[PDB]
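Protein chains: 2
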Amino acid sequence: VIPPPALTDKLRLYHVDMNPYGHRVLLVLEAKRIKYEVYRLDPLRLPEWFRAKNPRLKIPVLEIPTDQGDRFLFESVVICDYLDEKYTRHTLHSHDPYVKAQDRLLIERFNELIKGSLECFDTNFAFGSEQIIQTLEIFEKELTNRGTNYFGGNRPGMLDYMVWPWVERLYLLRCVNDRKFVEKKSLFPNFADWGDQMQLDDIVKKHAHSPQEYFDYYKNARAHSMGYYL
Amino acid sequence: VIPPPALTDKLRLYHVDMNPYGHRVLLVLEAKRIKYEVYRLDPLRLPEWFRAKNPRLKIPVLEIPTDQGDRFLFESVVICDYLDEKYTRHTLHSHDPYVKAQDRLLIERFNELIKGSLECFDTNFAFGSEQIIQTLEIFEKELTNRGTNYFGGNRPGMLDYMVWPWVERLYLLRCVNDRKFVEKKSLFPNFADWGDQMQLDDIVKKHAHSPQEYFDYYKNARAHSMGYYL
Numbered sequence: 011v012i013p014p015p016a017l018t019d020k021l022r023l024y025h026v027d028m029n030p031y032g033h034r035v036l037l038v039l040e041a042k043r044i045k046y047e048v049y050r051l052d053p054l055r056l057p058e059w060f061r062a063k064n065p066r067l068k069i070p071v072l073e074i075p076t077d078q079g080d081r082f083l084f085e086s087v088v089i090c091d092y093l094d095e096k097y098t099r100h101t102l103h104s105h106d107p108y109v110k111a112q113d114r115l116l117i118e119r120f121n122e123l124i125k126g127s128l129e130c131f132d133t134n135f136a137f138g139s140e141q142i143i144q145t146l147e148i149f150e151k152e153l154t155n156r157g158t159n160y161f162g163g164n165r166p167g168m169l170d171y172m173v174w175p176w177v178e179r180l181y182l183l184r185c186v187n188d189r190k191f192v193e194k195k196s197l198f199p200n201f202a203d204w205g206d207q208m209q210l211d212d213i214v215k216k217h218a219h220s221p222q223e224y225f226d227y228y229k230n231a232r233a234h235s236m237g238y239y240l
Numbered sequence: 011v012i013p014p015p016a017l018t019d020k021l022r023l024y025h026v027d028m029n030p031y032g033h034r035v036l037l038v039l040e041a042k043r044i045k046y047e048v049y050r051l052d053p054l055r056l057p058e059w060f061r062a063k064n065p066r067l068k069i070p071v072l073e074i075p076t077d078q079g080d081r082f083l084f085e086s087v088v089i090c091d092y093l094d095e096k097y098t099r100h101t102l103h104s105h106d107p108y109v110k111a112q113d114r115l116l117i118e119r120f121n122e123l124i125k126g127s128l129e130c131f132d133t134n135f136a137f138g139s140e141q142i143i144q145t146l147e148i149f150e151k152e153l154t155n156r157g158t159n160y161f162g163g164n165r166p167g168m169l170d171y172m173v174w175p176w177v178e179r180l181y182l183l184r185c186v187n188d189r190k191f192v193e194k195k196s197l198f199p200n201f202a203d204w205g206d207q208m209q210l211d212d213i214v215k216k217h218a219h220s221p222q223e224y225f226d227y228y229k230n231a232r233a234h235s236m237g238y239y240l
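Those protein sequences? They're chains A and A', same order as listed. A prime marks a further copy of an entry chain.
Going by the authors' numbering, the first residue of the first sequence is number 11, and it counts up by one from there.
Going by the authors' numbering, the first residue of the second sequence is number 11, and it counts up by one from there.
Hints in this document: simulated from the structure, not taken from any laboratory.
Some hints here could point you the wrong way.
A pair holds if it fits inside one copy or across any two, identical chains being indistinguishable in the list.
Unchecked claim - List of simulated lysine to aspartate or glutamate pairs, DMTMM-like, C-alpha gap at most 20 angstroms: (1) 96 - 106; (2) 96 - 132; (3) 68 - 118; (4) 195 - 147.
Bound-form chain A, shown alone:
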């Protein structure tokens, strides 16, 4: 009910627990080693001052200091790109504008996997598997074409972290149908390999949950708080 104080030395993320768009921003902040605090939003009991600054209830929100005072920044892509431009250390986007443009196109393409996953977790993991699979074929071919351990090269870059939150959630499906999951996984050998490597990343590990934890969460909550708005 009472808002937090004015920002000092840390950036502030307003985030709904288990929201993948917030997970995205958490990964980038950590990768860029920027100090931040998380203000946990309750999707039900939402503060009036928050709605007032965010009438469409978009999530997550990164609050930053500016010349004219503390400001809300919206939309996970815009937020993460802001962070990559503002803070010059530990750059995540490619230095090559062509490669970066391709990375941006792939982020947009990934939205089809997001849509399918959203419907899936909303309907006891019964539907939209096909959207997942089709998108995974594109990313398998793309990773193979690049011939690096990650989309970013020898180390994870912006595309890797942008895509990860949904990929990490997919592992919950092994709790639903173990055998059907492993078969599906085998279709994308380089992507699967990349998944394993991403799981070992210190930044990933900081904000990770297990297959079981995601499974117990999504069965009860479904997708009510999974979108880019509440």
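Using the hints, position chain A' against chain A.
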């Protein structure tokens, strides 16, 4: 049926005549003073080699030289941002990452005006006026808050040109209902003023059509070739 030759000194835009997403890219290319040629696409009689390189038939397409050969670049936002990064002269985005993030948020917000305009030109200018008006209120307030002649400051910037193609098309509505148009216009005095100033811009003038020309075009063609895909 026969594709154009390999690129040399000019970039190549594949563009459907009167398509506002292509109009966007034409404005930026001109603003950045980059040499280019336009390959006019017939939405009906489409070349097989084009479909093959672009199976979802996205428009426009900017073909560019790369280290590995000539490549298609898709999506007008990605295309224009590529151009602004690749070519360092005549920069269009703000140097301030916060201001640029706001500009990106406004481009996304503008999609609501695009949707309304799309439906409008598709249905003999009878529907979706309300989406237009609501978006115009946001941009009026934003331009007022900035207190400059343009969204980019003293001169037009990326946001100005990104938004212009749809704004220029709106003037056709004065051919439909003169009196209802002028009243609606008077609601947004700073935006209207900006519109007048944009019309005098040398870059705008290069790729402009009149209210009547848009009106005669849209009545016959409707919105069939107006989207970001064919």
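Hints, verified against the model:
no., hint, in the structure
1, 96 - 106, "both (18 angstroms within a copy, 8 angstroms between copies)"
2, 96 - 132, "neither (36 angstroms within a copy, 42 angstroms between copies)"
3, 68 - 118, "both (18 angstroms within a copy, 13 angstroms between copies)"
4, 195 - 147, "within (11 angstroms within a copy, 49 angstroms between copies)"
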